[PDB]
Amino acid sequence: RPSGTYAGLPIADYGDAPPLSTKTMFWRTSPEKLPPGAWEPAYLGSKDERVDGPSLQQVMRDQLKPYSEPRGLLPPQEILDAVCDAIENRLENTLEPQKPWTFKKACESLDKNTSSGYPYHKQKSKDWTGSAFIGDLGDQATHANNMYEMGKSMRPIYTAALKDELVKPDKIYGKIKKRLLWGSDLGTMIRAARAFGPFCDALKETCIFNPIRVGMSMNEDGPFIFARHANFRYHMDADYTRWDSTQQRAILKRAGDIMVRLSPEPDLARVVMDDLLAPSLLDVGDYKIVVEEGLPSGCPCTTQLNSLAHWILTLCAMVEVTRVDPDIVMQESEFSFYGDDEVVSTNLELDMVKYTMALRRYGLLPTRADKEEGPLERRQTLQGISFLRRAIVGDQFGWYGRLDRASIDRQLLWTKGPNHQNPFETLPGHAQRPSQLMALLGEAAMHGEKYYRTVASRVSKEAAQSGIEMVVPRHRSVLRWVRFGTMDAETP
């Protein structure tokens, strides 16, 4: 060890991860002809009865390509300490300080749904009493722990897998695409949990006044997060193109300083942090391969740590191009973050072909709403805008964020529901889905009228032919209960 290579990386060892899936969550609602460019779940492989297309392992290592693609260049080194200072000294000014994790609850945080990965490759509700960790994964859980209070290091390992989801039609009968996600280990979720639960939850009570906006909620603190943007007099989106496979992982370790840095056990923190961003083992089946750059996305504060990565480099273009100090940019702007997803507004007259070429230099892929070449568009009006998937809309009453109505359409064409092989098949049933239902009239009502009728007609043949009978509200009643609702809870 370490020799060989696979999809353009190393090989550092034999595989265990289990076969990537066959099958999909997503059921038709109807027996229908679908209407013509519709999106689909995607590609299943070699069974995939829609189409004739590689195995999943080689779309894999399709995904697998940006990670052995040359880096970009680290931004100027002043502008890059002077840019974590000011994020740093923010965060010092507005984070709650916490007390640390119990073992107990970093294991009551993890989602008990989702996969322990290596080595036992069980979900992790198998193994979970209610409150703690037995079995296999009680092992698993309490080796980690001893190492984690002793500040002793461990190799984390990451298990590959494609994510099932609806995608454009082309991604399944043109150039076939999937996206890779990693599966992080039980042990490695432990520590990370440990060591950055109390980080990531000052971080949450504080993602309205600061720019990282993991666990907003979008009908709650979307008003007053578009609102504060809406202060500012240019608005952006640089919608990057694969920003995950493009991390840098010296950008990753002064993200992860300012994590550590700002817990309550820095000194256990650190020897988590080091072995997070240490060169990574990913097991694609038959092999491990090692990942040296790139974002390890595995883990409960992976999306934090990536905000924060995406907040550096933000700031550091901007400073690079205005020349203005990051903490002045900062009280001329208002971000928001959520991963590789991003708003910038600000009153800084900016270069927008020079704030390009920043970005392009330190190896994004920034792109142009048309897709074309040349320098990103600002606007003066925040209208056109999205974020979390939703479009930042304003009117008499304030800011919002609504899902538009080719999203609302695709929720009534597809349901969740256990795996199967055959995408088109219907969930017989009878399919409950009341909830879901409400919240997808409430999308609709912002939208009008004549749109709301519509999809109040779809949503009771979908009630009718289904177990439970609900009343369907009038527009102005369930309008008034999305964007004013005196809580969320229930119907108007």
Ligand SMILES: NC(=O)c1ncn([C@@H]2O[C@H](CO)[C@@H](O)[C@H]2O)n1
Second form
Number of protein chains: 2
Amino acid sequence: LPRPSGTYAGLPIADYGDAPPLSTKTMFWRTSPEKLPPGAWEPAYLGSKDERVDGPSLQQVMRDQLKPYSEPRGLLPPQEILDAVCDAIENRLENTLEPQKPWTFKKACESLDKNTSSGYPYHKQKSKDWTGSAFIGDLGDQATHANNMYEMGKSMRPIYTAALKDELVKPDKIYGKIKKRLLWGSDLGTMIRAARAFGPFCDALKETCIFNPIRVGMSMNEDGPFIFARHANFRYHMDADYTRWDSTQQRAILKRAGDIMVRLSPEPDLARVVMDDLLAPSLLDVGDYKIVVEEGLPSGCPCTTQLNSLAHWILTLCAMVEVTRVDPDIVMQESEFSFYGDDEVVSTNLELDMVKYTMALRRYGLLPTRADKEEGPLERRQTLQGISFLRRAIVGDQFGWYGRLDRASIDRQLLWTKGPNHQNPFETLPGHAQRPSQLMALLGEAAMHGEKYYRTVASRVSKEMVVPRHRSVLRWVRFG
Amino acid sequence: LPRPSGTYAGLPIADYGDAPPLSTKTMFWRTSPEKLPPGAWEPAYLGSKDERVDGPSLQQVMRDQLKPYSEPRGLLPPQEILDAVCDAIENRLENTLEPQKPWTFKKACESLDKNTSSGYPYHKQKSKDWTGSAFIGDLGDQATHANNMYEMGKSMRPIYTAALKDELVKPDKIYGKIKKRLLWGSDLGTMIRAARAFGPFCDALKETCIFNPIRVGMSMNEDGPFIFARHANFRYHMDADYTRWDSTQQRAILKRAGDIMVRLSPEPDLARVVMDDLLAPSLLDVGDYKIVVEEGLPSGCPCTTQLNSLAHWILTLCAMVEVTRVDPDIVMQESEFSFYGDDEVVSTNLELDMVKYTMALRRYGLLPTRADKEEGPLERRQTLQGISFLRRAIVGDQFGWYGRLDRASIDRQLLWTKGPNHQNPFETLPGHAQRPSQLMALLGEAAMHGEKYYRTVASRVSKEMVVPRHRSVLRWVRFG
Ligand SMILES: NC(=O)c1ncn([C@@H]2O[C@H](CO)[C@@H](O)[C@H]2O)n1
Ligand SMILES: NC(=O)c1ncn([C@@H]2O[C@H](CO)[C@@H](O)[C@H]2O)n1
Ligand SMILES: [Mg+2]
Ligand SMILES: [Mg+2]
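Return the structure block for the form deposited with the ligand bound; the form deposited without the ligand was the one displayed.
To see the whole picture, the full complex is given below, headed by that same chain.
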């Protein structure tokens, strides 16, 4: 790790790799031996061992995912606008966030998801070194060292591990041009430091997820109705529907978001050291090599999705301010935003030139796309109905607004179920005894589509009855 | 109690009275010996012993309050409209209310406010016969008999006790034309029966107070923002601001509201017996006599304020349906209502002829009044801002909507404090050690008016410090 030399997928090699091989397995199993409807989604490509198609290696698929990181960046928004929007944003957070006490090492440790990997360098499930209150063994060593560096304000180089997302995808991403989504896996030391540094801010932010636009932490079922009611106070509604959000980010933008997180943290000088590490040119371990990724979002650790949401807030406000020429905090008097990483809903009373708005977005290097996928510009509508958020269509009736999962995704979840990793997606789980709460929730989702549809998906079990009456589950899913 | 003969205050005497004399005391004490600002509110008239003015007897003041009950009633809304709106209303409640289990005698008993009177015939504070889990002694006898009548579906005649409200009033109601507000005090037996009958429905209703328009049970601070956000989804806003709501009610309207409560109750046949008793010509004990009050609202027991809110819903929908000619449930797709007894906010997208709307209201015998108190018709506005609800002005900024208590009422609460009953309102409590949470809440209210105003009312103590910074209490009062 002196200085880089060599190139992989268009990016500089900084070191030999330590990551385990990409997974060739999926967690999805068919729920029935029957034949899939034509055009059905299926688990993403499993690589050379994947019986369904002869395709490239997982590594080559990953190589494709890394291309956008060497694309030239877009332009910075005009400096004066950028400063004004960041100030307005930080100021809104000062007026809303409840000041927090610092997180302990112990709190940082309990916060981590114990079911995912520790990443570099042990790449073991976190629970495997977890007593219930602390990390011991290898993980305990790594945790404790990182924590000492944190308290001394000393810098550590994060090391991320590249992976590919096991998820259902439309058949074309398997039988046409193979595509599978890139994942950044943080290292345990970095997760510890980020958690201690930023946990307080993130908790304060979540408590605020209804009246601030960063919606991370919200309950669709509990908060959706209030949040959507808010959006509906405004005349115009839209969704830029971005392509490649994370890989098109500018670190310079991310650093402005980071500055805000730092200043709003209980231990700002300790949190600066950590943020500077997160945002410095990143080491990504693709297996054979660790490569240097200077640009785009390094999406590994616990609080990046808030960092990303914050960057999104900054950009959206920048574009709106540039076009309408109204002050960032005045725009926020006339608008309601929802952000969750790249996911967005923007509602405003302001009269926005959509051609200019799209061009500004594209100029910052973002890739917004129209619903109909035709050559731009973005459209705006005068009804919230039809826009979506967190994968749920936004619906309004006489009782209020709410998020509804579309019939296709409901159908899909009836066709697949989660289980241990395996090679052949079309295998049926022999367990024939799953889906406790899952099923119930699916009844909930379906009830919201009317009795006709609900009666069909009440099909059914098992392989314990019986079907709750439609009225009853509809009432239960919408109301207290 | 055979049949009526004789007249008191224009109403028929049915029996000799048993009520204690009207109170000559107030619970309010000055917080300081200083002289009141001119025009300051003061506790209502205390009768012949009231040092501040030579005025009539409390009884004569009450006699005046009873006049509206012998006024001829207004017209019933056209039958076809009345049926349609009631059906739409009952139907909305069916789709929203979570079905309930019957209340036990024990549950009915614990629900009662133990700090108020038992009314007829013991007129003792309820706590005085209360073990912590059951009524013993006299109250136990009365409770247990009423409860047996309830379970056998047997009818009892309610007996209400007239009182006059001890509250702060504008000086003119003390030094000009004396006025003091009539109160109906239910009898313990009736409270038991109404509670067992209607408690389930009322609890189911309260759980629903955000997405149904009967707002009884709401928290201004917690629910206000969501509720007001809902209202703000609509274009037009208004408030009929009624005079003498309760005394202008038609029992026939109240019975339609009652029918709905009955059918939506877990023990409908038992609840019918009770509702028929509540709504039958009522015995009101004014001291010397029990008089028969056939019309207006008998506002005694636990659930009348929901009954009254429901009647209000019926009337408002009737007037809107009559004028706009759109179906009651379609009106409820295009509107948001809030009702709390006579207190109302009506928001709609519908294009309402306000002349026709006022005339329809007046025809049902209601007395809506304009903000400026000039000869009608009611106005509508296009902003919610400026309308009030539950005595709090409705305010909206970039964070959302919320209820704010006006500076005058805040000032007032600094000038008076609650204490034991006494004769001279200008006496200062010698206790000089009160107002724990009270003060804090007052800081909250004042913070919402800006730092300038907030700094002044931070005056202050005591007679423990210190003043929380304005930012801090503003944040605490608006947000989580
Ligand atoms: N489309 C969505 O709802 C979503 N979820 C997460 N992210 C953001 O994208 C990153 C990687 O997917 C995360 O860390 C978040 O910042 N976006
Ligand atoms: N103005 C208000 O907010 C209010 N509060 C209560 N009521 C109704 O009026 C009756 C007597 O005041 C109660 O039982 C309720 O039905 N109105
Ligand atoms: Mg969206
Ligand atoms: Mg009002």
